[PDB]
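One chain follows as structure tokens, the form deposited in one PDB entry.
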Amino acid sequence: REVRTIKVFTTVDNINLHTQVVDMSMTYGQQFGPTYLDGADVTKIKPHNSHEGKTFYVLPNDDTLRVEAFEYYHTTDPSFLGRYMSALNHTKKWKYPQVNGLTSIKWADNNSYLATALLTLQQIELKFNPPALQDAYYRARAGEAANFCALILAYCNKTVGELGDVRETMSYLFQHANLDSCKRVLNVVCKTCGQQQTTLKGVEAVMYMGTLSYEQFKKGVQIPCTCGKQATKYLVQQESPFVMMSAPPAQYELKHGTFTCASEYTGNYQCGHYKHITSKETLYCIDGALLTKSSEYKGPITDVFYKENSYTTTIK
């Protein structure tokens, strides 16, 4: 007749804890709704004695938790925490070797796009805004990247195993980074129509899709004009700590000392594999846990990152 109970804590951010007394004869789901223990779904499980004192994630189901979840993650997508937990149940089992001084990811679960994204982040100046990403990225740099990788999957609405694109993944991460001071001025010149200047800010100031070469972007790239002519677009002014140049995969030569790092994609629109190339004392190719070196590199490159501070054109 005596209900037997244990004390547990619920949370949405793993920092602020909420004391609960749970009935050991009812499932966690009957008492909390969807409930997770370090990523594992315990909604249909009844409390174990070993659960006493442990922390469980729940969905934001009252106003206090709604505020805590938004302040930590900067999202109000109702499915976010469930997707973060579902990914974490996988990423906590991945291995994160140090390769040439950087945290990589041993290949598992079709994660090569995440490995090259993680390697790239550690080579560019970037600060995240959500505390969740600040905290997880700090841990990832130290070598414990499971929470960071699960957050990337959640913020990008990708599940473990799903085909991912590096450019799109970086776009999501940059949306949650402080790029407010970044600025880009472009000029587009048509022999018929004249010239038109455009200013871009934030994420749009550091990403370009169409050519891999920063030098070519400075000299001019050809794009369509609405009048039918081919116009020339070139970079007038750049203020940012890096730039990212992207293009559909094509054979491309990477020259030591002319770029920071790059992503290589081998395959087709439905199926493929990413590798990472970093330019240090030589060219290192990081493929998850694997490492090779070369003095020259040619391959199907999709994204190239360059160092920057301030650039102003000499084109009149």
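Residue numbers count along the first chain shown, from 1. Rigid core: the largest C-alpha set superposing within 1.5 Å between the two forms. Compared with the form deposited in another entry:
- The residue that stands out in 194, 161, 78, 101 is 194, the single one whose Cα moves by 2 angstroms or more between the two forms on a rigid core fit.
- After superposing the rigid core, the Cα of residue 290 is displaced by less than 2 Å between the two forms.
- Residue 268 shows a C-alpha shift of 2 Å or greater between the two forms [criterion: core-superposed Cα displacement of 2 Å].
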Given for the second form:
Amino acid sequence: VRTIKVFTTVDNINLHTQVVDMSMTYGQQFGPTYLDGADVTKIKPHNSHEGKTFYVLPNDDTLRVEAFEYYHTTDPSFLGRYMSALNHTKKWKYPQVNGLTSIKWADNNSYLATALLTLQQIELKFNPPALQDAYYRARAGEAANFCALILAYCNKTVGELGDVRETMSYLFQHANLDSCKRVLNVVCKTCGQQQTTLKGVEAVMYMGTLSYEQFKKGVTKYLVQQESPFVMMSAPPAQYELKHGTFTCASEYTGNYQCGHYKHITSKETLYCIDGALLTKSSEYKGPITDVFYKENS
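Switch from the form deposited in one PDB entry to the form deposited in another entry and give that structure.
Here we give the lone chain, stripped of any partners or molecules.
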């Protein structure tokens, strides 16, 4: 009986040595099995596979606990959707553009590149170790796994049309924002003190206008107190002037002929427009902006 030793895992942190019979498929021995995202369930082991790490579905209590501790989801479909995405995202190119990890365009991923760029410019503490780990890898240039996880957590497949604001929101719902706060106070003549407080993720997002200045001035009429490391402001795509130094980064969205495309604008020493692998510098920017992000900087 020919055999090799492989490692199985659900988290790539805890590795479980296995002895595999080379005359049977991985599926026969492990159930659904993946090698770097590729479905090798129906494949017989190769000698090149010796010593390699394979992902498996959490079929026992031990693996189920390891998966829950790493991903913080009980969805039994997660790992398979994660692997399905990783098989694609591993083949994407991740150029460094103006000091940030971006993604060369493929598979309708402009929204993911724009989200990835934004995530590198705001302070976020992810709760699932899987996201915290891959976040720090992506920030160092190895972003394939992070992108595959974003797709899995957002319940989106490679190639599906995506929205930066949505993606950011759903990632925020996997972060520790417990200390973020927005207090709204009613401006009235005869209604007394009327106040409501948004804590957590609701505090870091707003829909209706792009301008933080207008929002802080007031929004029937409300005085606002904002306490968060960042805020995401979104509005319908509209021609909008981005002035250097007045924002951290922004999403541009065009919908010519109903085929959308995102670009990312970041404010450094001047305005940089990152469009996947492409980089364009300018002193002024006017375009159809739909998200603007602002950083508190303590």
